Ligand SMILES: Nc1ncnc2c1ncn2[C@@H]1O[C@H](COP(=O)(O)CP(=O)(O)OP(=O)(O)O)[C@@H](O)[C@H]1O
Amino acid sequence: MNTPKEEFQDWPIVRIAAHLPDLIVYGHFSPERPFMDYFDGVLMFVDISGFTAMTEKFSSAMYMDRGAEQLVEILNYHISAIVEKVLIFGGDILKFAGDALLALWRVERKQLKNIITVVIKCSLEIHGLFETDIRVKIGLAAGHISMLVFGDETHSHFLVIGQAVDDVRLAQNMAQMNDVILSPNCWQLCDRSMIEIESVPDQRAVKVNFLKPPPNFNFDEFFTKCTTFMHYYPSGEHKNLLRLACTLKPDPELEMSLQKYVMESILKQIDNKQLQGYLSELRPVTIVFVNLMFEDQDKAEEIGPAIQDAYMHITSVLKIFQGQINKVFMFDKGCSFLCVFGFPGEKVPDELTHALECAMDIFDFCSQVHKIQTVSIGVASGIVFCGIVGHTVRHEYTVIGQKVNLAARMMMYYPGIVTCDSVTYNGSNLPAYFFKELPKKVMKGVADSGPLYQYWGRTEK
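As in the form deposited without the named molecule, what structure would this chain adopt when taken alone?
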């Protein structure tokens, strides 16, 4: 009697799970919104802005109308290598953005010390991929972490929150290229016998100079011991897979839950109802970047309902014009929604006027939400790269480009108001007294932004 080799792991549920971390795939939590949970872990923030800054080169006519295709190819080649390292070291990739990937090792508190060593080693091997002009910067943090899941009956989003999340970003912003920077708490919790550090000026974070373990240390055996505490590390019959999630079987109630995190156009591709290459494009869009600041952004029990309330209103406003939420994340200050008008063939006429009117609606509503202290919205319009970025087994749809960066910086450097770039102002054709021409500010990563404006709105008020 024959025993043919198992073949099928390419079901829709598996394809959906590529777009999500294990935190959600295996999370099994209530469908109640907001949902909050609390745990401990180590975070790795990998700054990949050296890679994503290539968007402007691939906009050149030298690329003969295949810029987007060539960009996604080269970006995924490099980003895949990072993803593989993270996954083989037992991490969970939580999110990708144009500037960063964020990864988590969730563990019981007693094991943080040893897991930090694993994550340091992983970080050093990531840097080793790129020795020899593209490099990364790594921030590490550890401690208490909160998770928030928000959404409605058809859409779900998650965030991780708290001081360790704030810390990993602060650590990464301190790093130079090639550096691994530990948060103050990470340094407090780590195994100091493993590593040599130096101080970072005006900072309690430290830089890892060397991982130099004791004479009898064996990293492979140490790692094996550490896998005891990694719930989903592929093992046994499945030790050849990068993710347990590659083994997921059809389960309609699970797929119902998971698909709510994924854009409809991505699901269309997953269902083989759209060509696999259709979402890789350089296309004109309008970015609406919404930042919500809170009295204390580390307390999920306070900021969770506020985010949910804001999200309900944002989604209703975006619905009217097929705007989408591409990403949500915590910045140093606040919770940010990266909204896009124009992307998977969702491109309405008057995209500009509508974008500004939607921004103002969002600003007005969110300003009155309990516990939201300041709302700031940046609106920028131009060509951006759109595509699924990452590895075959772990990837996400992402938007990358100067105008994304510009809208992000506008909302931080012009807090408390709705701002727009020159493309948006000029194109709207709305009367000029609906705007105010703003002072020019020098902004991180932004080379001449052009004139910027406040959207003051219809009335003098």
Second form
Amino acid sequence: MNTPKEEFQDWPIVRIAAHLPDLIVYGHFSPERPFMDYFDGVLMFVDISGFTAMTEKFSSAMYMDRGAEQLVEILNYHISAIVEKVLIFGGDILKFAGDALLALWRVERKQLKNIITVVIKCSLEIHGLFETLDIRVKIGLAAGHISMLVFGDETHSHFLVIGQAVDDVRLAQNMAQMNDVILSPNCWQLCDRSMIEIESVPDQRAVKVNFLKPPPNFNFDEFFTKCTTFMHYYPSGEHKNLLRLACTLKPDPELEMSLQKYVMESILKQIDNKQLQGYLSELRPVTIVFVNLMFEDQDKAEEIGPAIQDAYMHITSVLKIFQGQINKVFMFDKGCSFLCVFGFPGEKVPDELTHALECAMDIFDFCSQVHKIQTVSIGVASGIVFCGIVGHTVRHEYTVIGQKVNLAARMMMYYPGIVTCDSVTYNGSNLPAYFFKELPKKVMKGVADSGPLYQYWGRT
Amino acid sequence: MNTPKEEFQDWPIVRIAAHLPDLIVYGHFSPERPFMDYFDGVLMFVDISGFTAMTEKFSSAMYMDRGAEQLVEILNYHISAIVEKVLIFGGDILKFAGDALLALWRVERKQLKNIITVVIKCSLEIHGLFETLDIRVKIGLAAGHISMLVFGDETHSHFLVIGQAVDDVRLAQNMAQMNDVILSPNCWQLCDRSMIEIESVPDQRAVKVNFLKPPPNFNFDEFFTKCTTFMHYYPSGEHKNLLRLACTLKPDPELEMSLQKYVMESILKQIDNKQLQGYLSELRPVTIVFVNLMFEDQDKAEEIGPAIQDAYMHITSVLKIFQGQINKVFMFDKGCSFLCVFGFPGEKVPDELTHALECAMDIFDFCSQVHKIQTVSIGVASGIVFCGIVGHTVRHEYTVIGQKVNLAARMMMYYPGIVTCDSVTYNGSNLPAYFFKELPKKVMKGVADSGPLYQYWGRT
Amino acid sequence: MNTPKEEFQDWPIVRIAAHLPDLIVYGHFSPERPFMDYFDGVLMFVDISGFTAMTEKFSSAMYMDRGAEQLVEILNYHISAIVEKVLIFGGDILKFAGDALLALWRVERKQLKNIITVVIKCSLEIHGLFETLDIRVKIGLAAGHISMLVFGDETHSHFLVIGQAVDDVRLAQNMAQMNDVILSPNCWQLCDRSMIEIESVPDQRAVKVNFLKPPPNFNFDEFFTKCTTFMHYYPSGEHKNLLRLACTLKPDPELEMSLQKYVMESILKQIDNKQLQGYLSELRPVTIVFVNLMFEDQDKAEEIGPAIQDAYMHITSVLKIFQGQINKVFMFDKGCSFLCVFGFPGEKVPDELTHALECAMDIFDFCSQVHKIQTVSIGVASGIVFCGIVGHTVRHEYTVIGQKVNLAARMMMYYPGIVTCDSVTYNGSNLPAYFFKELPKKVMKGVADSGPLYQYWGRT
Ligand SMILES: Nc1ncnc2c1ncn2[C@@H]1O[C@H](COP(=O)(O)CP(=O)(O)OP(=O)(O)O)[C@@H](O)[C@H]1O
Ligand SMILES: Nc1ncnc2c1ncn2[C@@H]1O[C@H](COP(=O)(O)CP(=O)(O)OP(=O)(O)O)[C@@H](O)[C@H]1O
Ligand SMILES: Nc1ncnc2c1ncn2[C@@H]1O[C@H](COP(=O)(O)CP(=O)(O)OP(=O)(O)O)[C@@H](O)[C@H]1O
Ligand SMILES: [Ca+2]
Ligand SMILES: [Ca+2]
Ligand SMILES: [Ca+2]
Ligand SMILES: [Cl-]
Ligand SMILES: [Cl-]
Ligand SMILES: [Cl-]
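Show the form deposited with the named molecule bound, please, the one above being the form deposited without the named molecule.
All chains and molecules follow, beginning with the one already shown.
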């Protein structure tokens, strides 16, 4: 009797799980919203610098209208290698945000110290990938308490991580110079100091890592193996040649119904072989509406949870009216941000700029009266941005990348408490001019020669 | 000199052969119509129960318009495993019909006894697959004389098996309770009784299998190996890691021209990479016209052959006028049935319900005067049904699944001699009401709360 | 720590390199136009005979409108095997032209003799493939000095080989009978005569190969291995199981920008997963405009280079005006030919026949006054031709095949110095009849019952 080879089956449920971390794929938690969970772990925030510039460049005539295709190709080539490292060292990639990504190693408190060592080593191997484009990487690491929030409605779900380790990992990464691995103070507080040579960082309790210098008889591979005891989903045994246990998921309608809610319809369409796999890679003009919500305490998940849910229910019904799409949600320095987009592929509408502004105002007014929301700020910018599926085959997400994405983000941060917009949006919208106010020019981190900015004042 | 690896070539001819059994693929017989052939073998009729219900359910709002995608996924996952078993135990899968399938082990008369043992074991291993959805399987087995009919015209070909083993395998399967393997009387008559523990079945000469209990020194794997001597196409040698010898077919225009006639144009389009692979998986409203032809002797292939051919030539020219499609042809309890469909993907027409009724009447009137056709009955029902490619990668077919498919089938059987229709077809058609007659409600096996049924009486 | 398997990555840059020889892929030369390079090597011109006939046949009703699909399938099946041989014996496939292909073994002068032996053996193994369709192969081999020309503009590039070895390899192949391997006189002059049994060829200095008869202790495999020392890109080591080193190319924007210019936009679209992979295989009516340019000395690359460039700049701006496309450029017996096509897939325009004629006249008049161009001849024919990607997965090109392609080629050769056209083009064009002159019928190699031919005289 033959024993023929089983071919890898690439079922829809497996294709969907590529878009989600194990935190969600194997999380099996209540379908009630908000849902909050609490655990400990180590975070790695890997930032690529140089891509919003390359993005601008690939618009130029030299790429012969294959700019989006070339950009996605070169981007994925690099990011794939970072994703392999993270996964092979046992991390869960939680989210992609432009050219950056956040990864988690979830463990019991007592194992934090050893895991931090695994993560530091992963970090240094990722720094190593780029001694070989004007691109390099900064890495922030944090460790401690983490909360998960799941929010949404009956057809769509989003998740977020929250808490002091989350805010820290961002702080850490923003202190880094090109090539630094920075540890949060709590990460440095909890780590095995006999292993790692650091240096101080100016007016900063965080630290920079210089070296991983392990004692005479330390064998990384045996240390790693001990560490895998604490890793629920590390591929092993018959499946040790796979990057992710999720590659072995089998059809299961209940599970697929749950997971599909995290993924955009147009992605699902491609997953279902009803749209060419290259239709979603595009350099196309869009409008980013970037919404920031600040709370008195952005680590109190039980407080901010209901608020984010309340805001999400409003934001989604307002966006629905204009094929606006929430592309990502995540904690910023201050607050929870919604990266919303008008004009993704297959979703254009006329008078997009006007609608973006009115939808922004509507969100601003509703969110400003939600209970625990202390301040709403919204940034609106329009231009050519890259849209596409970024990452590795086994772990990837739809993202947007562009100077306008960064500008909308910097506007909501540098002009808090109002709805602001760029010149492009101001000029192309069809609204009375006295609904705007022209603003003072602020010098904004990672932004040059933005034309005039405006506040969208609305009627009076 | 390198000896590089040859990649599996997935030529069109190989993709086409996935839709056909070895009986046709390697049959190389005359292109004249009808063609009849005569042989012996063992048949396995594997029925899944629970799928026309799941089908109804996947229409519900909870599947978020990915009902067809989820249904095909979960269905193929299960049916694939059954197809692997059948093929690995050396069977030829002849046909898929909804959620059921018919398999053949063709052998010389003197080998029937040993083969029946292989098939029983395959059966019990398939029962085993579902101790793990509200779905299970019934299996009927038969053995004896079998006839093949090939019929059609210059562009399309269909085949059918006919004879007492064919009628028996159906009888057997319809006696089964959930999980039974039933043997036909002749199968039980011919089998190695020292191997198998049976039990009697009420007012029935057939039997149920309880156990395969083989003598002290019986080694299944050596027994199987001896059995493969009689299996023409069992993959072996260099190709023992393949499920089907047909995976090694090479381009051959003469052969491809012949095989393509069995497959629907829209499938060929997908095979030719001219249509997305997911366009044919759909939950869509259609009209089933189910045509049953009864003969005085439904095992006399030389008699019924010319008649089925004569009917097919008419039916195809009438359907052609409305993009109606013959989806399958097969012997029922009584007679030869044509499962015809109006509104498959890419094939909708307006006033589909009207046309279905007029085409039915036309077929009824022509077929009723074909020489050896004793009775024509036609069932017409309309609703949401699943359309798609069901089975394994290496062996699959386009099929339809739905409560309306079963209803049209039960109508033609429970209201013989007339053209009948459902409420949906009655209400939506555009014909004078006095062309119909409202019928008595019959209680019909595997059917609840069908609204009123009607006879399509036609003009007078 | 796992070491998971890397999946073959099928990046766009690798898909693009399938369309190009290593000569271009790894050539890294100046982007200035014309560019000329000079080297030595051995050439193999492999011609298939029988395909323009099969092509005509696959138009017939028996193929049920899957003629293009069947033709490409059977063609690639055969041509793939020839491509594997050539690559495994270390050749660089330079170009496909209909059902023929040109291959190069580039080496230092001192290694010509040994390489010629490798190539002869490859040739005889390719002859061997077809003892098994009314198709066989003729092979011409040449050796000596070769020049490369690269020409084009900022968005498109073409290349050509030029010189006496190039003209010879064609002469040689045109002397061959079905199944002969013919060597050019210089090839025979340079080869290891102790190895090969030849015979004379009538009124011809070239020779036919009868046998490869190697001395007592000659071991082909060790001889081959020594020969690979001189082969820059022979896959080896970790990559010895690949047909081409180009399968390992990594994303590199600069390189991709350069390579993409050699490939048609519609191909790039399919490469980018923005068009179904089967859209470019078609039997479709087109118009071939075949342009031949003769120079006093068709081996003087430094002379003919600027001229071909000058002509190309004109030809491309004239074709652009009508979605006309240059499909291939190559040296003929006399001169440089441009195989231009009106009506490729996605590129039809109305009044195609008229435009073909006016574009031909325009090209004729401009090219006739380019400096070193001694004679321009243009052939115009219209009909059903096969369009598609021909070759192996790892090495393939878009080509056209048809009796009309050959006719346009024979017209420009047998009616030099004028623009000629066929009956189809004459009848369907919308021009005054007195712009044409009906010509004497010439008996033309590999052409029967072409209706009347005409000269396109133009206005007076
Ligand atoms: N797709 C995306 N998702 C989430 N945030 C994004 C984003 N694209 C841009 N941003 C926001 O834009 C802000 C500016 O980003 P930075 O991290 O300072 C740019 P960089 O990494 O130095 O170079 P880059 O712009 O080439 O990536 C970030 O704080 C980030 O939150
Ligand atoms: N695609 C298809 N091809 C052929 N016949 C079909 C069909 N779909 C339904 N039928 C017919 O419908 C009739 C009713 O089928 P049954 O076998 O009694 C249903 P079941 O298997 O108990 O549960 P199910 O409806 O979930 O499959 C059958 O006799 C069958 O011939
Ligand atoms: N796609 C293509 N590219 C370049 N030239 C082509 C071509 N198709 C036809 N031709 C030209 O047509 C001419 C006639 O070709 P031959 O080589 O004599 C035909 P053959 O090989 O005997 O049989 P065939 O027509 O079945 O291939 C050739 O000289 C060739 O240059
Ligand atoms: Ca960034
Ligand atoms: Ca069934
Ligand atoms: Ca040829
Ligand atoms: Cl997050
Ligand atoms: Cl059948
Ligand atoms: Cl060339």
